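Of the protein chains in this complex, one is absent; all others appear in place.
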Amino acid sequence: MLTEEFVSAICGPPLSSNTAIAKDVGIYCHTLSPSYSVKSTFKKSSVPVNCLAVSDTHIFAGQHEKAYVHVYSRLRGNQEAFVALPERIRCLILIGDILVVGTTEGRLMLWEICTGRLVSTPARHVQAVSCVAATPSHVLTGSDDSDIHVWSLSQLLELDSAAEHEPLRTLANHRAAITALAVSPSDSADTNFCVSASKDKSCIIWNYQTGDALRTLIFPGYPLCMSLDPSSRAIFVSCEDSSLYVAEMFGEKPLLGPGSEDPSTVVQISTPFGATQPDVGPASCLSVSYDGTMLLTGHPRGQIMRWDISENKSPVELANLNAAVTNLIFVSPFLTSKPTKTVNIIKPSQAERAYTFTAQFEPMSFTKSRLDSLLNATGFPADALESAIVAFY
Amino acid sequence: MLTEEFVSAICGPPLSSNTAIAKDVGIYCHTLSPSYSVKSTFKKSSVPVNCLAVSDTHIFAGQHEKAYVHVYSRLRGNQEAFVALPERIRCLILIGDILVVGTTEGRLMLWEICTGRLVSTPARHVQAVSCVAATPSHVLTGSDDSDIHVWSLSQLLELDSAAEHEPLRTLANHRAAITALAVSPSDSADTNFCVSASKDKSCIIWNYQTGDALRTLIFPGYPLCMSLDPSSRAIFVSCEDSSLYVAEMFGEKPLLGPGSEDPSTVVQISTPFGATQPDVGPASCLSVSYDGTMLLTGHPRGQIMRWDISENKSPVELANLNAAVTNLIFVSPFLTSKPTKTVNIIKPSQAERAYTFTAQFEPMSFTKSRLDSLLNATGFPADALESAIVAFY
Amino acid sequence: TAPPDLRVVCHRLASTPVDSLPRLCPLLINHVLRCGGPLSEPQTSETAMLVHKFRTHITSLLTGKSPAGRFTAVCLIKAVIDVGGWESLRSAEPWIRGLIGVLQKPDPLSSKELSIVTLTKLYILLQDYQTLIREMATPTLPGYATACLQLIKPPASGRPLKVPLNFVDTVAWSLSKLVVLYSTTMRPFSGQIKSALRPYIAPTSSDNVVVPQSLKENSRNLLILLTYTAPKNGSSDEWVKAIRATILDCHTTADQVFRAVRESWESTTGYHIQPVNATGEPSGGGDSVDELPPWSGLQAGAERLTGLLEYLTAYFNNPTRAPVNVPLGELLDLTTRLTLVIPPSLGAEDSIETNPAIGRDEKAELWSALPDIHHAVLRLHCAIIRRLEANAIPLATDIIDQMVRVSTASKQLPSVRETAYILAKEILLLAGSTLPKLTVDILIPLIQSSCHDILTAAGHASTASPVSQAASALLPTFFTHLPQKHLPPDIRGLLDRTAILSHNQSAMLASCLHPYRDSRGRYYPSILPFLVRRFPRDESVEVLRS
Partner (left out) sequence: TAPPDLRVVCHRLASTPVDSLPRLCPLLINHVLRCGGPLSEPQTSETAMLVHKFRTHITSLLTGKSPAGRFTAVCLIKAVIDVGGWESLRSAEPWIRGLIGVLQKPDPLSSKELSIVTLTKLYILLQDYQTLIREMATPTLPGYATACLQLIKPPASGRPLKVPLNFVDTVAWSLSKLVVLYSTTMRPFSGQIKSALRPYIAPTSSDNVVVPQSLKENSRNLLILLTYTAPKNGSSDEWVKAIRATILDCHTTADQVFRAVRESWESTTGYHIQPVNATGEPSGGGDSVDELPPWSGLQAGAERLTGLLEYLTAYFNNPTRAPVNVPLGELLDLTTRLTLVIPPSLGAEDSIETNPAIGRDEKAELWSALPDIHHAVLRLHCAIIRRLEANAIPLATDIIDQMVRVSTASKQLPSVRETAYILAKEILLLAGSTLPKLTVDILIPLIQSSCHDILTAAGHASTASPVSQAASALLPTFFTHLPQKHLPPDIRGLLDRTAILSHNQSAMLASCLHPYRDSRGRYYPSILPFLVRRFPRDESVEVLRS
């Protein structure tokens, strides 16, 4: 009853010669539903894992071993900008109109797309920030020093501060580099949770505002990329052993809830949802569709493979991009309403200026009148017509 | 932060002479909170258990070994009517403006207070209907033949139906007379449950619209009277052993929910919440306050006992009415808004007449105008005043 | 020292010319609403002195001959009575006489309307204190009622209304409150009020004047509330006689409307359809007091029937002083009679039995006029449900049958469909959960129509429409208050698709909480992913996250 689309990104040299694929393309746009096709491509891009962000108007891409961000316009269909940042980028995401960027130096910056501010935190992490997740209220950064720092967006973003920023909390139960970070859509203090994975083959569900660790899970291989289902009921985890694992948090024995065990106890997940033949390789990117029935994985040998979660059948290969696939981002089929539109980005400048916001204002029917009720009604409303006849005579 | 009131009813001869209590009074009105007091009394009444119904305007009382219903006016403070019904009454309750009455013959009637209809069902129960509970959509009647019949209000109440009425369902897992019946406030098909107790020391929680039996509980003594907590999380059960029992449906191990066992399994409730010395006697009537923090019990020796559910302390005696206490009904401290007020009842007449409804129509602000917005506003609204000045010049 | 607001009021009242004061009235009202405390003080400090000079200035503005000054004093009296309380109510008596004098004097009509509103507020506020009722309300009230009835009385023999119908609406609105509050004082004026409000109860096209809807509503409200003034506690008897007379008037107009169609309907109550002359156009009404004004023409008869049905609706809208007997059986029989006559579908004109003596144009006009009568019947059912609540459960089957027949006959009108959706929501809220299978089966086309309207508005099968909003409000009720076991799987799938594509949180939540089980005894998948994706941070999903 819908059409569904997703955006792919590749990295590295082309793997096989004479496959007739374009060598210059680095970002693809596909239509997953109803039938597989390619809408458009973007040229000259090499994006590592977790360095791609997709909005309705722009695609932001972090470049491998390079501090620049390539910004492409989805509206015009070309490359918009070559943004230069102070330090090399390990990961970047997009929350609202803010690009949140972690670096090799361990710093965190927030670049506001519309205002051009570059809010740079002191290097709280000792080594490189590997994964970043965000909410409307908090920003969570996991680094190579096994510390997941939880920061407040309000303290980082606000204007008149000249003092250094500090994280609200540090979640340090992990003992190795944080590979992935996923966050529940709830922002309430009691009901929220964030799910993190590390190189020590451990995956912890936290309550990040309280700082507590709700649940601990152990996998046979260390988790590469993670995604929760749209209902926030299950976790899909890719691993180094070329397998995909599913964890039901509200299944037979709930991981979280009234029927759960003690939070100090450890749950080990050993049954693979699926496995991948090693000529395809372990999945490097993992994404879940809008309905959640069907899933997409990207592999370093070029194959994009579709998994049926409900049907539990064998995965089928969509296409071979002849390059290591690093990012798959689903785009929502329904379009949301936002009062502004970001047609163009504003590059970060350290020059002192008044605070300015740059966007296109969208028609949102904020101004309402009785004349609009006259206009939009089929015919004329009865009371307004009666007043018109009284005014006529 | 509130005042709370309850209505008591007694039965039988006065137990002790020279106690200076009035012998003619049968119904009392008390104030439980803030301090114990008696507002008013009603004369010449002898009410068995489950035969008292309290509304905002009237108190309906079934008489012992007598087919009449005494109707008292809470507004005027006197006895309104001596209603005559075809058969002797074992139990009666009030849903909306309808008095639902079970008999010794096993018949069920619905007497509409405002219209005077007396809808009499065929005697589906072989013996006397002992308990009646109501839902806005359904009516549940438990009898001495161990069958709880679930009836639809819409099929009983409708006008042009001249055929005999039939129950929607029959719940017959019990093997003895149904002593008590409680209904959850949920009216949905999936989430509702009804709690029933029988003389075989059994208490079954059903889903009455599906007809399934969700849970089975066994008590050391057969349950006399039962009341659910306002949150529908616990059951309070009085028994023949002069003790009160509490069962938590969502406690450590839930009786109902995801953490519950198989519905065929049996849970035995053996830990008494409290006990009562046999000079006071086992509690014959049971009620729960609006907040649910405190509880009230009536006893055959006259004592009204107040129980602290949260504090779990020893019970205290409010008063000795020197007669067997058969009913305690709490009245809600906050007043609800109802479009009609039943000042007077209409006695049931079998004579053929047009369908007429008798009530006083209450002010409900159903008619709204801009002149009302002019009147109720402090001063005048700015736009209306501007239009007034334009019309003035 | 005085508060700044009071001395600003005094200086602006002293300095300003009287003719420019209505333009400064908003700021003066704002300032005097600010300083309620000095006026609330019971009556030397400068605050009390400025309060005394302020009240003296109000009295001098009111009594003096200046229409601008009278308008400004009306506004100031309204605000001062709003903020002062008992101390202002003690001295409001020369203000009451002054406002009645403003109504008597020839002034701009907006000043008269504001005086009417201010006097109504004065009487409602004086109702609290019995001594002030004896001193103020009882003597001054007959003069106010006479002054209003002088304005709204029609001298229709000589000349038409010099008073606009909006002002008649204002006077009827004020008298609607005052008949409820002061029954015995307003009792002598009831015969005049009935004669004044006779033309606005059910206007027709033959009346040749356009009546605003608010005028009809407040005229009906005032004639229903006039039963309060019945002597010797006769309110209930007058109410019953009036509603039964309205029902009989509906039936007599329905005879002349349905002259063209042979009626198979037979009355439960015992009404008999009189023979109707086939020659000429339908006609009715009269110049008598009990009869509504005369009409001629089939469209005028349909308008009269619609106005009578709206009057019957206003019966259930207004309150009563004493318990009254509501003839539900007579209204049910009347609505059954009006809903049994349905217009033919296209190509099915010959199927309906008609009197051969009637011309084809009258038949076409009748087929055009039927859906408005049906819409008025459905609105009457909505008002009956709203007033009765759980007491309207025994009428549910008949109202369902009438609603299904009407919505099937007039499926192509969006207004009839919208009223059917609004009625169906209340029906299912009362007695939808225990419906049999056949009732669900005849309700199925209404569900299909509502889902089609919602999907058309969303564009998935566009701008919001009132029929679309009514169907969107109806959409969660199809899950919550309808038996899912009786619904076919196609209807449930259509409902789920409509809820998803409409982005309706309530319908998606209700579909999540009410799963559908088919013949194979296995549940269909929930639409929870769509709900969490579209509304992640909403409160309902937060309750789901408990």
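Labels for the chains are A, B and C, by order of writing; each one numbers its residues from 1.
Here is the rule we use: a contact is a pair of C-beta atoms (placed from the backbone, for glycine too) under 8 Å apart; a residue touches a chain by one contact, two chains touch by 3 or more.
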Residue of A:131, A:153 or A:269 touching the missing chain in the full complex: A:153
Among B:4, B:5, B:105 or B:229, the residue in touch with the chain that has been omitted: B:229
Among C:181, C:340 or C:413, residue touching the chain not depicted: C:413
Touching residues on subunit C - with respect to the absent chain: 1, 3-5, 7-8, 11, 20, 23-24, 27, 30-31, 34, 205, 208-210, 299, 343, 346, 349, 361, 363-365, 367-368, 372, 412-413, 476, 480, 506, 509-510, 513, 539-540, 542-544, 546
Positions on subunit A where the hidden chain makes contact: 95-97, 112, 114-115, 136-138, 152-155, 157-160, 168, 187-191, 338-344, 354-364, 366-367, 369, 371-372, 374-375, 378-380, 382, 385-389, 391-393
Chain not shown, touching residues in subunit B: 1, 136, 185-188, 191, 229-232, 290-292, 310, 332, 334, 376, 378, 382-383, 386-387, 389-390, 393
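Just so it is clear, only the chains that are shown with their structure count from here on.
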Centre-to-centre distance between subunit B and subunit A (centres being mean Cα positions), rounded to whole Å: 55
Euclidean distance of C-alpha centroids - subunit B vs subunit C, Å: 36
Whole-Å gap separating subunit A and subunit C, where each centre is the average of the chain's CA atoms: 52
For subunit C, residues contacting two or more additional chains: 214
